[PDB]
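Quick heads-up: it's one chain on its own, the form solved without ligand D53, in structure tokens.
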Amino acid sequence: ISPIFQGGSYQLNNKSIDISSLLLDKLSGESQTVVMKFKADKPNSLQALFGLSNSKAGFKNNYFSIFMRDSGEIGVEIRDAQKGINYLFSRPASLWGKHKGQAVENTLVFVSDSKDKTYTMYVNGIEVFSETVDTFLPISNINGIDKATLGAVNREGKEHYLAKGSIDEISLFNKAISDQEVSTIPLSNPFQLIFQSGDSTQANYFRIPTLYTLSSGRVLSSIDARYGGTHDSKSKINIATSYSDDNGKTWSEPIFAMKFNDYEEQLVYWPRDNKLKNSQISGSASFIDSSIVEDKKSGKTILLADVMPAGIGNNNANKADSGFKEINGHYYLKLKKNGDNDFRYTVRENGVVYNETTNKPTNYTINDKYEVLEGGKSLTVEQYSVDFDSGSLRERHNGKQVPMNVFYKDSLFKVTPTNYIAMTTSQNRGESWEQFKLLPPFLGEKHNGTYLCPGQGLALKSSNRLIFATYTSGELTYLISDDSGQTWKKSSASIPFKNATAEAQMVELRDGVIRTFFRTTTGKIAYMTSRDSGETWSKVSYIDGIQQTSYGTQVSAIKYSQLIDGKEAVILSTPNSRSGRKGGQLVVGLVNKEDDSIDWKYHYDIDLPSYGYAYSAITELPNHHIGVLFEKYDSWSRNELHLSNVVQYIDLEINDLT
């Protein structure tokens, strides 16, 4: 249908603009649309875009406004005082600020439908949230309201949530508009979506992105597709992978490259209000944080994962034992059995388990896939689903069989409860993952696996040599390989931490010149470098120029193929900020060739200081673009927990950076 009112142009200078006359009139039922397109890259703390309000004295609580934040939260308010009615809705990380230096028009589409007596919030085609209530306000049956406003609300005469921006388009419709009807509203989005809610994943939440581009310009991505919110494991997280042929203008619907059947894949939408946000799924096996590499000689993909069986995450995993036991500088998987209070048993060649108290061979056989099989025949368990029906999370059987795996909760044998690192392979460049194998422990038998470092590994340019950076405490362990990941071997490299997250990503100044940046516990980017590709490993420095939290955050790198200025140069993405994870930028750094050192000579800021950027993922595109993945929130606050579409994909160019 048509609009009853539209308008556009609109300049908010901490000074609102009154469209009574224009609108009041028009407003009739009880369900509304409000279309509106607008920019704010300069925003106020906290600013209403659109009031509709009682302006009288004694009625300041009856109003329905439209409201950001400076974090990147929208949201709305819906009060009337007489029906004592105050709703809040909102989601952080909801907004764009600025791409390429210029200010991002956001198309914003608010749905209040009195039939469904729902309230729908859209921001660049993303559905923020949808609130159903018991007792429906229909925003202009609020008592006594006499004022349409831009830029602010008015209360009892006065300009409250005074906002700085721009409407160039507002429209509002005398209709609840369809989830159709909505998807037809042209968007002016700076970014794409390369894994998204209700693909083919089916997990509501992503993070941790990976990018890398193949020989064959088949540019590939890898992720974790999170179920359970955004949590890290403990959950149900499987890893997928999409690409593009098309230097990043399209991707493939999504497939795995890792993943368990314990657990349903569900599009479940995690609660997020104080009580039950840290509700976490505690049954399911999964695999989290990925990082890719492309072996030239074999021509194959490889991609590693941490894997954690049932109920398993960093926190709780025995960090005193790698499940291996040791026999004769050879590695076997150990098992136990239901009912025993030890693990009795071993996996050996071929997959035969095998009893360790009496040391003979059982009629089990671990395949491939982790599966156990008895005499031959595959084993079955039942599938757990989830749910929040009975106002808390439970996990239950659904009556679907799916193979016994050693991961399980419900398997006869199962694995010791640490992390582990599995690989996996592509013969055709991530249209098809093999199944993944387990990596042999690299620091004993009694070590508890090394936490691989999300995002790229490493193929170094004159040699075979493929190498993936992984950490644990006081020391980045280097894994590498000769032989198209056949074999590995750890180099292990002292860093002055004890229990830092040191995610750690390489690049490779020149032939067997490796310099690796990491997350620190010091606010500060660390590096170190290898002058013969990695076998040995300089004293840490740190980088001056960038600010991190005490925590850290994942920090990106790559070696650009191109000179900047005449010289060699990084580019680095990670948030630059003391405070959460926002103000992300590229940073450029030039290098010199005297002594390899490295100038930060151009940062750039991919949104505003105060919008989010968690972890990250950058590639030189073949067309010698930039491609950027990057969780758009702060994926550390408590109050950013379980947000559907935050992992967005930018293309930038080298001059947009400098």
Given for the second form:
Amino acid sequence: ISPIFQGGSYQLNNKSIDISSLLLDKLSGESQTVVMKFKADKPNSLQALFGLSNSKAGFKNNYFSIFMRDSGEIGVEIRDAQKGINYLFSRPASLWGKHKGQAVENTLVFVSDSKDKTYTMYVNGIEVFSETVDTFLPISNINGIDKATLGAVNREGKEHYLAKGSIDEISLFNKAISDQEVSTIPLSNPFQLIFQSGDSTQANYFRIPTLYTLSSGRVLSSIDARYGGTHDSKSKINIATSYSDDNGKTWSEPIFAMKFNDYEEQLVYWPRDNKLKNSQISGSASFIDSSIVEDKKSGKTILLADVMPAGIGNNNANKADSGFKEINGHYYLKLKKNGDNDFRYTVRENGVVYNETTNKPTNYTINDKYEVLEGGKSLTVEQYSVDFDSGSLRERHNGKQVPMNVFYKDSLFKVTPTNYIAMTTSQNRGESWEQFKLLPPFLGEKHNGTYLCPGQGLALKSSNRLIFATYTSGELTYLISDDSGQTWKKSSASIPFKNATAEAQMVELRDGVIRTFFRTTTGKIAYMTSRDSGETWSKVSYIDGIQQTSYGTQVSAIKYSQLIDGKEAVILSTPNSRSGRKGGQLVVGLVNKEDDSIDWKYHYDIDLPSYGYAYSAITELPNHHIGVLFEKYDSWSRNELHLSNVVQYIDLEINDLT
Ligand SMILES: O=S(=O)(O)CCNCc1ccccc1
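Return the structure block for the form solved in complex with ligand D53; the form solved without ligand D53 was the one displayed.
Following is the full complex, with the preceding chain placed first.
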């Protein structure tokens, strides 16, 4: 249907615009849709874009508004004091402010549906909330509405929630338009989605993006496909990948690089209320924090990620146990059988389950998928699904049998409840992945494994050496392979932090010279340098000119192929804020060839200093543009958990940065 009202080119300069005479007598029936294209690159702390109100004395709580915050949050209020209704629906991190130094036109669609008693908000093609209520309040059925306002809400004759911005287009319809119709509305987005709710992963949430440019020109991305909200492990999380063959313009439907089947792959709307938001899937195995490298020699793509057995995360992982037993020079995965109090088994060569107590082999084997076989026959367990039907999180058997895996809760043989690192490879540049293999322990029998640094591994340009940074208490532990990832050794580098989440990413400044940038607990990004391809490492220094919070955020980094201002360039991606995960920047550093010091010369603001920016991935695309895949929200904040479609991709050119 056509709109009942359509207007545009409204400048909101801290002074509301009255459109009552144009709009109010057009509103009819109980269902409405608002479509608004607007910019706000300098918003006030809290501002209303659109209002319908009773402006009379004594009715200050009788209004409908669409409002936004300078955090990027969008919402509505629907209030009628006589009816005793005060609805407030919102979602943080729903907006864009600026892109390449120009105000972004956001496309907002709000649907108020009296038949289904549902209010739904979309911004930039993304559904940010949908709420059904028992008692529906039609937005123009508020008692005594007499004002329709842009850029404020008129309460008792005065302008509340004054806005700074512009409304380039606004249309209203006397209908609740369908989800289908909504998808036909043209967008002006500065970003793309690679992974998204409803795609092949069936995860409603994503965190921990990676990007890596392959020698063929294909660009590969990996990510945590997070099912149980945005919570870290313990949860259900798989590792998913997608690639682009056209410099990031289009992306393939995701596949899994690493997945477990003990719990169903469910798209769930995780509760965001204060009573339930900490609900966490507690009996599932998971993968978390992936990293990618390409090996020139074999041509293989290699992906590592952490592996968590059922119910395990970084807080409950046994720090005093590697999960392997050393038996005369070699490491074997330990197992515990149903009914035993101790781990009396190991997995030996060709997956043979061996009884340590009587030194006898059993009739059980572990296959390449870490599944349990008895006499060559596959054992199974019943799968779990999760629901909130009862008003709290329930995890329950769903009738489906899946192969019995030693990382599962229901398995006959169970691994040590600690954290592991696994590796998988692809021979077809991400079209398919092999079954993963566990890496051996590097810090001994009675030390839990290190944690992989998400993002990229490093393929040294002048050799066959591959390095993945990892972290643990008191050091970075670099994992080094010179044989296409068949065998690994560690190189340890002490850091002056205990229990830091020291997520580290590397750039090769010149042949054999590696600088590693890493997250600390000091509010400053740190770095160290190797001049012998990772064998030995310098002391730790800090970057001035960038701020992080006390808890820190992952930082991504690449060595740009082209000179900038006649110099070798490194590009860092990080939030720049001492307050939260916001104020995203790309920072271009120029290398001084005399001492390898870096002059951090240009800071490019990804979006507003107040808008969210957390973990990130950056890569030089084959056409020398820069691709950035990043968490566009505060992934630390307890107010911004469980948001969909906030991991987003943008394309930048060096000219945009400098
Ligand atoms: O809290 S955050 O800084 O956003 C993310 C930190 N994830 C650490 C982790 C790594 C591996 C397993 C569990 C937890």
